[PDB]
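Q: Take a look at the letters that make up each chain.
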Amino acid sequence: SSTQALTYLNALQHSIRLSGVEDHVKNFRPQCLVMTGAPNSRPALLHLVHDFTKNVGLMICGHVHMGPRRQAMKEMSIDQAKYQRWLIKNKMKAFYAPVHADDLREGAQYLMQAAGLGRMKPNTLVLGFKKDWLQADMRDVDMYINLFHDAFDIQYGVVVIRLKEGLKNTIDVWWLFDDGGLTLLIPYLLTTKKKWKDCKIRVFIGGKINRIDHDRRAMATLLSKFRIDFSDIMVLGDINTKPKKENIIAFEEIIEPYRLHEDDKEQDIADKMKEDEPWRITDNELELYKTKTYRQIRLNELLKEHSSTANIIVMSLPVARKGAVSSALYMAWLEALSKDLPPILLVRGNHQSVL
Amino acid sequence: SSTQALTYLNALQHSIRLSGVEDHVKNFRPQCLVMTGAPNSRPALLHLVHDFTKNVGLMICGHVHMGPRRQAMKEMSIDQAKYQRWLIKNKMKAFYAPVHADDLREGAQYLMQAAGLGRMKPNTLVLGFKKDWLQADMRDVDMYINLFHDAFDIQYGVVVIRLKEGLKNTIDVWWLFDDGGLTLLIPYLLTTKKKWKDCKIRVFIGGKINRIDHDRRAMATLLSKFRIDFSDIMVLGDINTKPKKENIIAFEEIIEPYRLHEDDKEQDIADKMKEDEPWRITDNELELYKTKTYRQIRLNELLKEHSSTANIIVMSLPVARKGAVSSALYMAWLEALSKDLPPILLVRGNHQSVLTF
Ligand SMILES: NS(=O)(=O)c1cc(C(=O)O)c(NCc2ccco2)cc1Cl
Ligand SMILES: NS(=O)(=O)c1cc(C(=O)O)c(NCc2ccco2)cc1Cl
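These protein sequence lines map, in sequence, to chains A and B.
With the entry's author numbering as the guide, the letters of the first sequence map in order to residues 760 to 926, 1021 to 1208.
With the entry's author numbering as the guide, the letters of the second sequence map in order to residues 760 to 926, 1021 to 1210.
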């Protein structure tokens, strides 16, 4: 009170010192940019992202305020004061970062390219899964997926937390493809927080039916390199199998409102809808990506079968080339992958290795 | 040591400590981002902006990088490492913050909107004068003035400085407009440094013929509030008078290439070329703003005669409504106000630094 200048000067001096360093490859140091609507909303997501980003990296709770430009400054100021007070009340090492933008994409770009000083710049983007995508306008879903792809453009690592907001054995990990160390680094950082200390990492991977021993040995060596006391590596070959009849029926029902039946409908009408409504899922997309959808459905049913009784499932996030797949189908894949499981955490880190 | 995590986490906890303090509104401090593309170019500008930001605020030497997205990140990181090494080589406490944008205005918007974290966020926009704007495409000058107007829109202070790139004692302060005190805060911070100890702040005012004592005591008490310790407080009544004809014709010659003499030329051609080049200066603009231009020229004359020798000249910055003046006319005003002087530092601030430092 009246002598905060000392704190400010100390912070500035330490930040300059930190910027003094020159080597970044050695330490990945996960810095998270959490894109939640407001810190008060989605408290569970905030706690879970804070768990693995606390004393091991900062977290910037971003907020893209959008509205009339005239009174934007006063609204943003009152919001910053209120949300910072709330966010310190529920002790969190998180910085509230509000910006003004005409839409979520622009504000996300502001936060993703400008937030932070020197070395304290976010390098992963954390999004809560858009649970209301079915009832939401599909333009906003397109914007959500385009935000994923913008993150992948700036060499960010995308984390998607799907968590049941209506609210002690193991922490399953479903490492499938390389990414980096991030997918395996999130469980390591989770385990050392004294809240998940009594939780045991039960890694999973896919492999050939004639190579369980060799794959297990190699993955155990990698885990020892990551030194996360892996309990066991349940190498599976069940991937790439027709899931079931009921599961495929459920997925078809999910995507039915957005499917485009070009063959059933007249070609001119199909083109008209595509031009005036480009997020419609064409049948060509389904035919091309039928194996990928089978992979998603099979992975979901495997998660239910093996990892039902797990606290935090960590899985690798499916991705597709920008524009190669309709946004509606992409969110359908994300819905199917994480359907009725415990708090699940889809991760795709950047190519550069964490350590 | 070869480890940095100790510094990183300590800096974190300090930043969280800072953000936790309920500073209310009584924590104004000059936090400026120096929008200059190449920190190697214009070292004098960085040194000057560093003099009054050494230990009272941060300096985010922003930089917008233009090019293809593919290899944008690689060269951006290369430049970041290079320029941070350069800044550390010199004794500058500046964070080199680069962003990628299609145009300078968009990257500047990124920086001004989202740069910084917590309460160590930028507060003013230091802008090196766009010297050689005569030879530069006028789209560039349009963006340059739009930067001023964006900064004013987002409640930022704007300071533009016209250092000579080639690089008794007194610091002149022309407190002409009440902008919240930043014009007076910059000189105070300058003086309280090893270089400007022999400061001798000399303060000038603009007032009509009246009792000099009134304004004299007014600025005496104002500077006592600001702890300026003036060497002299002067009031000038020559402002807002017709300047010499030579300067007027010189100014008219400066804007001659960009002027739209629509009254002299045929109306259809004038309208067509106005539509082709919306930055052209119409004659109606000059007629409306003849008094403003005369003030801008008389002020340059006045500070040339009164303040020919002075290490720093800190003046209130001219402002115009968004779009009322063509960018060429605004830039011509700024160029005529600081035509041939020592380091001149035109300042304007959001009306919030009310004895708050
Ligand atoms: N998780 S989400 O896609 O549904 C989401 C949702 C929101 C959201 O709109 O709450 C958001 N912030 C934008 C905003 C505008 C006004 C207040 O916050 C960000 C995200 Cl990622
Ligand atoms: N001080 S300035 O207006 O002349 C200026 C100057 C520059 C600059 O060009 O150095 C700049 N950014 C870098 C850049 C890249 C391409 C065009 O500009 C930004 C600004 Cl504000």
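Some hints could be false.
[What the hints assert, rightly or not] Listed next, the stretches of chain B that the computed footprint assigns to chain A, with coverage defined by at least 3 CB atoms under 8 Å from CB atoms of chain A: (1) 836–847; (2) 1021–1035.
[What the hints assert, rightly or not] Restricting the straight-line Cα-Cα distance to at most 20 Å, the calculated cross-link-like pairs of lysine to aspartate or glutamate (DMTMM-like) are: (3) A:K833 x B:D782; (4) B:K852 x A:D782; (5) B:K1175 x B:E1154; (6) A:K833 x B:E781; (7) A:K852 x B:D838; (8) A:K848 x A:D810; (9) A:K848 x B:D1116; (10) B:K833 x A:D810; (11) A:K833 x B:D838; (12) A:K841 x B:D782; (13) B:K1127 x B:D896; (14) B:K850 x A:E781; (15) B:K852 x A:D810; (16) A:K880 x B:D838.
[Unchecked claim] Estimated spans, in silico, between C-beta atoms of each pair: (17) A:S1161 x B:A797: 54 to 62 Å; (18) B:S761 x A:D896: 32 to 40 Å; (19) A:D896 x B:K850: 51 to 59 Å; (20) B:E834 x A:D1031: 47 to 55 Å.
No wet-lab data here; the hints were simulated from the structure.
No residue lacks a Cβ here, since even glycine has one placed at the ideal position from N, Cα and C.
Q: For every hint, state whether the structure bears it out.
A: Quick rundown of the hints versus the structure:
1. Counting residues of the region 836–847 of chain B whose beta carbon lies closer than 8 Å to any beta carbon of chain A gives 4, which meets the minimum of three for the stated coverage.
2. Here the region 1021–1035 of chain B counts 0 residues with a CB under 8 Å from a CB of chain A, which misses the bar of 3, and the coverage is violated.
3. With a C-alpha separation of about 16 Å, the suggested pairing of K833 of chain A with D782 of chain B holds against the 20 Å cut-off.
4. Taking the CA atoms of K852 of chain B and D782 of chain A, the gap is near 19 Å; set against the 20 Å cutoff, the hint holds.
5. Between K1175 of chain B and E1154 of chain B the CA atoms are separated by roughly 27 Å; this puts the pair beyond 20 Å, and the hint is violated.
6. As the CA atoms of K833 of chain A and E781 of chain B are separated by approximately 17 Å, the hinted pair is consistent with the 20 Å bound.
7. At most 20 Å may separate the alpha-carbon atoms for a hinted pair to count; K852 of chain A and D838 of chain B exceed this at roughly 31 Å.
8. For the given pair, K848 of chain A sits about 16 Å from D810 of chain A by alpha-carbon distance, which is consistent with the 20 Å threshold.
9. For the proposed pair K848 of chain A and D1116 of chain B, the alpha carbon gap of about 67 Å is over 20 Å, so the pair is violated.
10. Annotation: proposed proximity of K833 of chain B to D810 of chain A is violated, straight-line Cα distance about 32 Å (limit 20 Å).
11. Only pairs whose Cα atoms come within 20 Å are accepted, and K833 of chain A paired with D838 of chain B is rejected, the gap being roughly 36 Å.
12. Of the supplied pair hints, the one linking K841 of chain A and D782 of chain B holds, its CA atoms being roughly 13 Å apart against a limit of 20 Å.
13. For the suggested pair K1127 of chain B and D896 of chain B, the alpha carbons sit about 16 Å apart, so the restraint of at most 20 Å is met.
14. For the hint pairing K850 of chain B with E781 of chain A, the CA-to-CA distance comes to about 16 Å; that is within 20 Å, so the pair holds.
15. Between the alpha carbons of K852 of chain B and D810 of chain A the distance comes to roughly 33 Å, so the proposed pair goes past 20 Å and is violated.
16. A hinted pair counts as satisfied when its Cα atoms are at most 20 Å apart, and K880 of chain A with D838 of chain B qualifies at roughly 16 Å.
17. Restraint check, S1161 of chain A to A797 of chain B: a C-beta distance of roughly 58 Å satisfies the suggested window 54 to 62 Å.
18. Between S761 of chain B and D896 of chain A the beta carbon distance is about 53 Å. The supplied range of 32 to 40 Å is therefore violated.
19. Taking the beta carbon of each, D896 of chain A and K850 of chain B are about 54 Å apart, inside 51 to 59 Å as hinted.
20. For the pair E834 of chain B and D1031 of chain A, the supplied restraint of 47 to 55 Å is violated, since their beta-carbon distance comes to about 26 Å.
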